[PDB]
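Asker: Here is how the chains run, residue by residue.
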Amino acid sequence: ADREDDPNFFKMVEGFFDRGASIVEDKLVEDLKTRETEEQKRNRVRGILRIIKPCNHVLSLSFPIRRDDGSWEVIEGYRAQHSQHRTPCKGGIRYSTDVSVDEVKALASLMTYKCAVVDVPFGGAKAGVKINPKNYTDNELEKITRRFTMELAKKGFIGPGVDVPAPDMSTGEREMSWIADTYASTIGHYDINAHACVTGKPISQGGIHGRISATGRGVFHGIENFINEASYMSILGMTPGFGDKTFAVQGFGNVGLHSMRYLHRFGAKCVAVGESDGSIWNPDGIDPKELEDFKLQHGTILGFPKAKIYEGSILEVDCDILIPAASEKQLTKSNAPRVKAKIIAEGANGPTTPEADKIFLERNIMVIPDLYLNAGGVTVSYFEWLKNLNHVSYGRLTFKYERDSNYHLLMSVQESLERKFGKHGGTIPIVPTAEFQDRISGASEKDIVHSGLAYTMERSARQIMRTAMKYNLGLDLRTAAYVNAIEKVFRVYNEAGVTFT
Amino acid sequence: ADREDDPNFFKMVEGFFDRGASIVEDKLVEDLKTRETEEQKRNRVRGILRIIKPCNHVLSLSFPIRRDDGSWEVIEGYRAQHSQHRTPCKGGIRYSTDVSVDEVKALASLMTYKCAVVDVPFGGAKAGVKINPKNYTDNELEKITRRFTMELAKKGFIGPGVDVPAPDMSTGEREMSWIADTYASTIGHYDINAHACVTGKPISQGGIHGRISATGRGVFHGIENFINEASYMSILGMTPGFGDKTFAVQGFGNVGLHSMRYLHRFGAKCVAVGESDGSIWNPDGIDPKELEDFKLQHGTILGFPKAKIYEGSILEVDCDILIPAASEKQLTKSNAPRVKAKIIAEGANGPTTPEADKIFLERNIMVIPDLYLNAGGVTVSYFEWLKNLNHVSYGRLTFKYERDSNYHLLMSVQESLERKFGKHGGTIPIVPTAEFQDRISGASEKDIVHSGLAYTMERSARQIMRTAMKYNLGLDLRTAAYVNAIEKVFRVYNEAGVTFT
Amino acid sequence: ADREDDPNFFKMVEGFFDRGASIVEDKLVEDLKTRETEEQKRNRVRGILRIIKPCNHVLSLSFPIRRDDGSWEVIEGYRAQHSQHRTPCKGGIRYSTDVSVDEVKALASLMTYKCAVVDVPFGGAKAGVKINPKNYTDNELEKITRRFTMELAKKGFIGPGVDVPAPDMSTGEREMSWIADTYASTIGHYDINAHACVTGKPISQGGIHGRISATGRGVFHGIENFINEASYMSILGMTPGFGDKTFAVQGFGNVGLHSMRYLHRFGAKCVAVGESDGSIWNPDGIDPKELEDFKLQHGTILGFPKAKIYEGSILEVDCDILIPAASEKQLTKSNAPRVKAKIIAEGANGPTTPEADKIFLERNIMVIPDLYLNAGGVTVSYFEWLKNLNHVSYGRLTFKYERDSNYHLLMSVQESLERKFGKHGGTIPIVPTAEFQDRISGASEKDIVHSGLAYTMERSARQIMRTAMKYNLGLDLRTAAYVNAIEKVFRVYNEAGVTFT
Ligand SMILES: NC(=O)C1=CN([C@@H]2O[C@H](COP(=O)(O)OP(=O)(O)OC[C@H]3O[C@@H](n4cnc5c(N)ncnc54)[C@H](OP(=O)(O)O)[C@@H]3O)[C@@H](O)[C@H]2O)C=CC1
Ligand SMILES: NC(=O)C1=CN([C@@H]2O[C@H](COP(=O)(O)OP(=O)(O)OC[C@H]3O[C@@H](n4cnc5c(N)ncnc54)[C@H](OP(=O)(O)O)[C@@H]3O)[C@@H](O)[C@H]2O)C=CC1
Ligand SMILES: NC(=O)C1=CN([C@@H]2O[C@H](COP(=O)(O)OP(=O)(O)OC[C@H]3O[C@@H](n4cnc5c(N)ncnc54)[C@H](OP(=O)(O)O)[C@@H]3O)[C@@H](O)[C@H]2O)C=CC1
Ligand SMILES: Nc1nc2c(ncn2[C@@H]2O[C@H](COP(=O)(O)OP(=O)(O)OP(=O)(O)O)[C@@H](O)[C@H]2O)c(=O)[nH]1
Ligand SMILES: Nc1nc2c(ncn2[C@@H]2O[C@H](COP(=O)(O)OP(=O)(O)OP(=O)(O)O)[C@@H](O)[C@H]2O)c(=O)[nH]1
Ligand SMILES: Nc1nc2c(ncn2[C@@H]2O[C@H](COP(=O)(O)OP(=O)(O)OP(=O)(O)O)[C@@H](O)[C@H]2O)c(=O)[nH]1
Ligand SMILES: Oc1c(Cl)cc(Cl)cc1Sc1cc(Cl)cc(Cl)c1O
Ligand SMILES: Oc1c(Cl)cc(Cl)cc1Sc1cc(Cl)cc(Cl)c1O
Ligand SMILES: Oc1c(Cl)cc(Cl)cc1Sc1cc(Cl)cc(Cl)c1O
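Protein chains in written order, with PDB author numbering: chain C, 1 to 501; chain F, 1 to 501; chain B, 1 to 501.
Do not take every clue at face value.
Identical copies look the same in the list; a pair holds intra-copy or inter-copy alike.
[Said to hold, decoys possible] Simulated crosslink set (PhoX-like; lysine-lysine; CA at most 20 Å straight-line):
(1) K27 <-> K446
(2) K358 <-> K400
(3) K130 <-> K53
(4) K295 <-> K400
(5) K308 <-> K342
(6) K308 <-> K400
(7) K295 <-> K308
(8) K488 <-> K143
(9) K295 <-> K33
(10) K446 <-> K155
It should be emphasised that the hints constitute simulated quantities derived from the structure, not laboratory data.
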């Protein structure tokens with residue numbers, strides 16, 4: 001992911017952390033619920049922060065699997081649990097040769113800070129299996145994930161109340177299904193909540209509506225919240241709204257594909273899509289549906305008819321909004337001065353280096369941070385988990401009751417008015433509007449996911465704005481986010497019996 | 001140190017492994033129970049060996065502890081489990097700033113190879129907590145080990161049937177007691193075998209006789225087995241026996257102190273004792289009991305009256321036998337040409353580098369390998385574990401029965417002879433010899449430990465000699481040991497169904 | 001099996017049971033520890049016996065497996081637990097299309113009666129998977145047994161202290177290994193005794209010496225105990241001993257092959273070996289070692305050079321002893337009048353029908369019953385289980401102690417005599433005989449298995465003889481066996497909240 005500026009992903013995130021640690025250190029000694037004072041309160045805060053930064057647990061595994069051609073192979077895997085300040089750890093599983101102890105630790109800590117930003121009660125965790133999925137058959141991949149689950153289960157790295165994985169790079173519903181099945185068929189066979197051991201499951205296996213596209217939907221909302229402020233767009237030299245905007249996304253998987261689908265829906269036009277092979281381009285825009293079909297049938301976006309094979313880094317293309325949705329450290333000190341985009345919407349985790357962040361602050365480029373912007377995935381994963389614990393489809397017990405109820409409520413206003421305006425008025429039909437007619441039986445699963453996600457992205461967005469203001473951070477939203485996150489994680493160690501001298 | 005051949009400890013052991021892997025690879029394709037043939041049998045062996053080398057599990061921990069002065073501190077710890085080919089993993093816990101992921105992995109794998117050499121049914125494991133014990137109070141140390149136990153317990157890194165720790169550098173009965181107590185009071189409170197979760201415990205807590213001095217006793221036996229062969233001493237230019245031998249030990253702790261006590265008992269005289277501060281020397285010998293008292297009262301061996309402060313590396317002193325009983329990589333390419341000793345008895349784990357091994361083979365210096373020589377500790381740890389599972393003091397149920405039994409057996413020969421040689425002979429008292437009188441009621445715990453250890457060290461010693469011969473390895477006992485070890489670990493992997501038909 | 005007499009396998013055993021139930025019903029009302037009397041004591045015995053006959057639990061399973069060619073297949077399986085009067089149930093696993101609910105129930109009950117006869121503290125159990133192993137690959141078989149284990153484990157039909165399987169028809173070490181591995185890697189991963197969940201395991205996986213040939217060895221002993229009584233051979237018209245005897249075995253697997261090996265060792269000559277394809281014959285005898293090689297290389301005994309393909313039912317061949325070691329109901333009312341053999345040694349379970357038993361009693365043919373004769377397998381399975389619970393190789397802790405001990409004991413007689421017969425005698429070396437020299441270090445695993453089995457077969461044999469006498473049952477050993485068995489199982493009921501209250 002670079003040579004000159006390839007800081008260790010974990011140290012990189014610690015940098016992001018330490019930055020916010022400075023900014024809020026005062027509000028913390030303030031809110032510190034201690035009878036002691038001065039330097040002891042200053043010291044205590046530092047001690048607590050020193051606890052939060054390092055990952056509490058990291059499991060490195062080396063297990064064998066029998067390949068299809070009879071041969072034996074040893075594959076490596078890791079799962080790090082950054083924090084248990086909130087009982088169930090949460091974090092996906094990545095399948096890639098790029099994975100390593102440090103990459104996983106970094107991702108794990110990003111998970112807990114992001115959960116805090118978005119108010120999801122999970123400490124962060126992350127897993128990685130060092131393989132290139134494309135070099136294995138479906139049958140070998142199944143053996144790999146099922147075996148990996150058991151090793152995690154035996155050491156306490158997976159379970160409804162201990163640690164709940166989910167998809168990430170090169171893993172999806174299929175893998176999640178295998179994980180759930182392995183867990184429920186063995187260790188959790190007596191557990192009524194066995195299927196809540198993992199999220200991102202297929203809908204038919206206890207998964208939840210819109211989880212696959214949840215990150216993209218969330219990316220849309222995160223951009224929407226800022227792109228409609230004017231108090232922010234005036235500083236970038238842009239008009240609010242999506243209608244006259246162009247964007248380019250690096251990555252065309254679960255994050256990239258859906259981010260693109262949603263932005264295109266509200267008027268923004270996709271100017272370029274990138275992948276590992278390369279990228280494509282078209283100033284008149286590219287349609288998300290057609291591109292997905294081409295990719296689906298040909299296995300690559302390159303060669304797409306309604307566009308041209310671009311030659312010159314998808315990140316440097318000319319557009320209003322750049323959405324890196326691939327891997328980490330894609331924007332560094334080297335390519336940063338060349339982004340051409342005014343808004344960097346981080347769909348991926350850690351796509352920009354700290355050094356690249358500076359250049360972006362100088363060139364007046366707004367970087368909507370990953371720990372807020374991509375949290376739509378974990379947010380809906382939280383909903384999936386909750387659904388598995390309740391064992392019911394949201395609304396099932398209340399549809400008829402709320403429907404009958406709303407009609408009687410409306411009938412109460414109708415009758416009251418006919419009672420008043422006796423014969424003068426006549427019949428005064430009080431009927432639902434078309435919109436309320438669709439909400440007549442109350443919320444369903446799909447409804448809750450959508451409105452719940454929009455609500456979360458909005459609540460957290462304001463929180464970040466209020467914080468950027470209170471500390472005059474300008475377009476340094478990342479720092480505002482870590483500030484909010486440290487504050488929330490602090491609340492748990494602080495007020496807690498532990499730390500009461 | 002010395003700055004020259006300071007290799008990755010783990011890689012170093014892998015080197016030792018790969019060496020033996022070559023030497024036995026043929027006897028393995030031979031004993032391979034496969035219907036297939038040629039390269040497939042050759043390939044299968046390589047695949048299995050590739051499984052055995054890497055550690056299966058490594059847990060890295062970062063947990064906080066409240067220091068005595070109220071402050072918060074984060075301490076790091078690790079426990080690696082190299083192999084589970086034998087269900088309970090076994091390995092000590094080291095307290096040192098020198099500990100790291102690699103050091104622990106290396107030690108862990110040495111544990112499994114050593115258990116195999118000595119026929120103890122445990123896969124290897126090892127733990128390390130990165131602290132210098134001397135910079136903490138007893139109360140802080142207790143909090144550190146108890147908390148470390150819980151973290152290991154919750155992730156499956158300690159338990160009677162999963163993983164059984166023991167002492168190592170800077171840990172002893174005290175720490176083991178804390179570990180047992182923490183485990184038994186929490187997770188294992190219902191477990192009838194809870195106290196078998198750890199070994200090296202104080203005798204009053206379920207520990208076993210002679211475990212503290214077990215490594216020293218074993219070091220004595222390992223040296224005895226070779227120093228009395230002539231077929232080996234002729235090649236070193238020495239006479240068999242201990243009576244006219246001198247030795248120097250680097251380290252004066254659990255290994256060093258007892259190795260010294262036992263060698264001194266059979267006539268060998270200790271010429272020099274070394275520690276981290278430095279060493280002392282006296283050509284007429286130093287007495288183990290007096291040196292221990294001085295050390296006990298003054299906290300250091302330096303300044304001992306019946307000896308002089310030596311200035312010139314304890315490893316280079318002039319003597320017949322050198323016993324490094326401290327830490328790893330103490331004998332390298334740099335100091336090797338200067339040992340002056342003909343026999344290097346490795347009390348410590350990995351004290352000599354591979355490059356140092358060559359120089360030792362050329363200068364015709366016999367290196368009695370660590371995976372055999374120091375295994376007296378694990379061997380007796382195995383006895384402690386067995387004792388905890390049986391819940392009885394060895395002999396308690398049989399003392400009176402065997403005593404009465406032996407007298408009637410002896411009376412049977414007495415009466416038979418008086419019956420024959422009627423009045424010619426007269427009374428023909430058949431009485432035990434003084435030695436048999438002490439064995440009249442059968443073995444006690446102490447008896448089983450001593451005779452069990454001697455037996456083990458002897459059985460394994462012959463096995464190594466037979467192997468050094470079969471492959472003409474000369475004074476390369478280390479390689480003979482790994483050969484024996486790979487052979488034994490191999491057998492659990494071979495078997496049909498296991499690595500598959 | 002016929003169309004004439006092919007009684008229901010279960011009903012058939014109930015018949016055998018009811019027969020003995022009558023014979024001992026009186027000694028039971030006698031030994032009944034009741035204050036009440038007459039018919040109430042008579043009634044209570046009947047009630048208890050009504051409890052013992054039916055199997056307590058039977059699990060029928062239907063689970064899918066993915067065949068190698070991608071297709072899906074549903075396989076059927078069952079495991080019955082006849083009695084829990086002794087906590088761990090014990091019984092093998094059969095792979096055959098002949099398996100069914102009734103066959104397994106019958107086998108299960110035979111297991112508990114046989115364990116009682118042989119004094120092994122296990123209630124009986126049995127499993128069967130309805131497949132012909134030859135129509136599946138090794139990989140499919142592995143999936144089949146591993147999946148079957150999990151289904152049994154989840155419903156409490158396998159575990160160290162609940163139910164311990166073992167081999168039977170078409171299953172061996174390999175399958176047992178898969179079972180142990182599946183159990184220990186999942187449900188029993190924390191269990192220190194996980195590997196005792198099954199027996200008949202490969203030696204390198206915790207199996208025990210001589211388990212494979214244990215049934216054959218036991219068959220030898222069972223025949224030996226009766227063939228050397230004269231008080232029994234006079235009634236058959238035979239001389240005691242093996243030297244001048246000929247035999248024919250139906251079945252050349254784990255039971256048949258070893259029964260043949262052991263009888264041939266003590267002078268008896270094998271005249272014919274049978275299999276499903278057919279049989280072979282040679283009046284001068286057939287050598288067990290050569291026949292095994294031919295079978296091993298060609299997959300069939302037919303066509304063996306040092307013998308001829310026999311055409312006429314292996315059971316009707318002319319010989320002194322007939323050993324049916326295949327499946328049940330091979331000797332019925334139809335072929336019984338044609339056995340030509342004076343002794344029927346039942347290696348297999350239920351090879352003779354009740355109706356065939358009559359004809360055998362009339363023709364004065366002694367039928368050494370299966371519940372005694374083939375119990376060598378379970379007996380040694382019991383030793384394997386015990387070994388797994390103790391986690392040590394028998395003798396390992398005591399070899400050197402007992403060796404040193406015996407020499408001092410012998411030295412005590414030597415010194416006592418030299419003390420007496422001062423200079424008259426001179427040196428009076430007291431040295432072990434060659435035989436005692438091999439027993440100098442005490443018993444090893446192999447020693448305990450052999451001597452423990454011989455002891456058991458002998459103790460039970462006398463018990464049966466004493467019972468055949470006390471009731472003048474003549475050559476009706478089967479009934480004597482069930483009498484002994486009901487007595488032992490009933491004892492457990494004549495005191496467990498049963499006869500009481
Ligand atoms: N639920 C989720 O999955 C969530 C994921 N995220 C974030 O998004 C990333 C996950 O993407 P998912 O894992 O969603 O993506 P998926 O694996 O589908 O992404 C696939 C795309 O990534 C592209 N890609 C990979 N590496 C590069 C590269 N070096 N340069 C250009 N393109 C590249 C692939 O091209 P190609 O196929 O040729 O390699 C492919 O188009 C994570 O890092 C994570 O932080 C955040 C929240 C939720
Ligand atoms: N059961 C057991 O304990 C077993 C131990 N071993 C081996 O021995 C080691 C364990 O020793 P224990 O843990 O037994 O030792 P203990 O801590 O008692 O050893 C204490 C001694 O180690 C000396 N020491 C440490 N570092 C150095 C150095 N760089 N140079 C010179 N001397 C040094 C100390 O000097 P100072 O006090 O000034 O630091 C002290 O005299 C392990 O590495 C292991 O491989 C082998 C088998 C079993
Ligand atoms: N641990 C144990 O296994 C124990 C077993 N036993 C007894 O031994 C029997 C088990 O044998 P295992 O199951 O040991 O035998 P294994 O499957 O090895 O027996 C294989 C032999 O059975 C022969 N066979 C099967 N059916 C017939 C038939 N209808 N006619 C002629 N030969 C046949 C086979 O011929 P083919 O290959 O062509 O089918 C083959 O030679 C049981 O009934 C049991 O009572 C008793 C105690 C312990
Ligand atoms: N690739 C792709 N996936 C889709 C599409 N439509 C639905 N899905 C699946 O369903 C989820 C997307 O749901 P949405 O289409 O965004 O739901 P919605 O249309 O916004 O719901 P409404 O606003 O009430 O109409 C993902 O998890 C997909 O698996 C599509 O057009 N393309
Ligand atoms: N306090 C103290 N304890 C010691 C000393 N030396 C050894 N020990 C400890 O106890 C042994 C003491 O053994 P006894 O003194 O009980 O040993 P023993 O039975 O004569 O040993 P053997 O002669 O080899 O059979 C070791 O296990 C040490 O842990 C010493 O000098 N002082
Ligand atoms: N299939 C088979 N296995 C055998 C035979 N002979 C011995 N065994 C084995 O008994 C083995 C170890 O046997 P040893 O200790 O060398 O046997 P012995 O030499 O003590 O064996 P026996 O002659 O049966 O008493 C197991 O691994 C079995 O495979 C045989 O003829 N056929
Ligand atoms: O680990 C496996 C082994 Cl030994 C054999 C097979 Cl046929 C598959 C696997 S993967 C796996 C699958 C499940 Cl359902 C459970 C576990 Cl415990 C597994 O390891
Ligand atoms: O972990 C500890 C906390 Cl939070 C507070 C205190 Cl006063 C001690 C400890 S150490 C410890 C000791 C035991 Cl007996 C059990 C556990 Cl669970 C410990 O962590
Ligand atoms: O049941 C299986 C599934 Cl669903 C997938 C694979 Cl590849 C193998 C099996 S068999 C099996 C093997 C193990 Cl080790 C554990 C379990 Cl519970 C199994 O079902």
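Asker: State for each hint whether it applies.
Answerer: Evaluation of the provided hints:
Taking CA atoms no more than 20 Å apart as the test, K27 paired with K446 passes in neither setting, with 39 Å inside one copy and 25 Å between copies. Neither within a single protomer nor between protomers do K358 and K400 lie at most 20 Å apart by alpha-carbon distance, with minima of 56 Å and 37 Å respectively. Taking identical chains as interchangeable, the C-alpha atoms of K130 and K53 lie at most 20 Å apart only when they sit on different chains, with a minimum of 18 Å there against 25 Å within one chain. Proximity of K295 to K400 under the C-alpha cut-off of 20 Å is found in neither arrangement, the shortest distances being 43 Å within a copy and 37 Å between copies.
Taking the shortest Cα distances, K308 and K342 never come within 20 Å of each other, neither inside one copy (24 Å) nor across copies (69 Å). Taking the shortest Cα distances, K308 and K400 never come within 20 Å of each other, neither inside one copy (53 Å) nor across copies (43 Å). In this assembly of identical chains, the alpha carbons of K295 and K308 lie at most 20 Å apart only when taken from the same copy (15 Å versus 70 Å across copies). Proximity of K488 to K143 under the C-alpha cut-off of 20 Å is found in neither arrangement, the shortest distances being 40 Å within a copy and 28 Å between copies.
For the homomeric pair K295 and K33, the shortest alpha-carbon distance between copies (18 Å) is at most 20 Å, but the shortest distance inside one copy (56 Å) is not. Taking CA atoms no more than 20 Å apart as the test, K446 paired with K155 passes in neither setting, with 35 Å inside one copy and 37 Å between copies.
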